[PDB]
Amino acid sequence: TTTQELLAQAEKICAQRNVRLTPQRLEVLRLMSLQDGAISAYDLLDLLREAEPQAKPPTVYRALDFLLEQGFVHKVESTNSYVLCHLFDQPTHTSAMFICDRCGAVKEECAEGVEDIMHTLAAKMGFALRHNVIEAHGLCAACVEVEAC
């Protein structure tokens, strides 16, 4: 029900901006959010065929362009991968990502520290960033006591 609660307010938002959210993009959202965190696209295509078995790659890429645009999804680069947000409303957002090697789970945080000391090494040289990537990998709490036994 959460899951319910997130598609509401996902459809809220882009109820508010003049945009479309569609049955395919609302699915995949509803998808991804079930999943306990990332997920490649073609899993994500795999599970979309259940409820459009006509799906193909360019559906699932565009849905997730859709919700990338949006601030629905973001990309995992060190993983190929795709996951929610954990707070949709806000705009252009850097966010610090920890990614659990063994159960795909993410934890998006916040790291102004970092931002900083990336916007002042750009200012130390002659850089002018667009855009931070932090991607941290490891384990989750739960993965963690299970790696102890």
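Numbering follows the first chain given and starts at 1. Rigid core: the largest C-alpha set superposing within 1.5 Å between the two forms. First, how it differs from the form deposited in another entry.
- After superposition on the rigid core, the C-alpha displacement between these two forms reaches 2 Å or more for just one residue among 43, 89, 36, 50, namely 89.
- Superposition on the rigid core between these two forms places the CA atom of residue 8 2 Å or more away from its counterpart.
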The other form holds:
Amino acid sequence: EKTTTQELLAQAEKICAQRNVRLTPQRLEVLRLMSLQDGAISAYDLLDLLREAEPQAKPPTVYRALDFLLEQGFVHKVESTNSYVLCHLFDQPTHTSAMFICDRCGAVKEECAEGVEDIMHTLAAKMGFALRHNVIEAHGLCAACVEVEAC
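And the form deposited in another entry, for comparison with the form deposited in one PDB entry?
Here we give the lone chain, stripped of any partners or molecules.
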């Protein structure tokens, strides 16, 4: 049974204490707001949610928080949109993942892919290309959306 949202937050607090990094109230609040989402969320949508608690929040507030949360591996940037999602796999050591993005209902599943990382290394190796990071993002329809089509 996968790690719960709440367990991911506890784990984030303790990981930051283990590293000597400061999971501040803002960064924490930003983190939980993202955990509440059923998928990715844009920075300015996130800013709007943040305002309900902290009305004085501006874009720098959100972006600083996201940068920190990104550097610590709690959040991933979904590049093909311009959105951000909670990482559901930081309890393990740092990882490769592939994002599966629904175009209509907007939800995303993060799924590990060992074979993908390796194939990309293999393609990178043949050319003289020192691969550093992979971006794997899939677009289509998720299960629930498929059964709305069947109507």
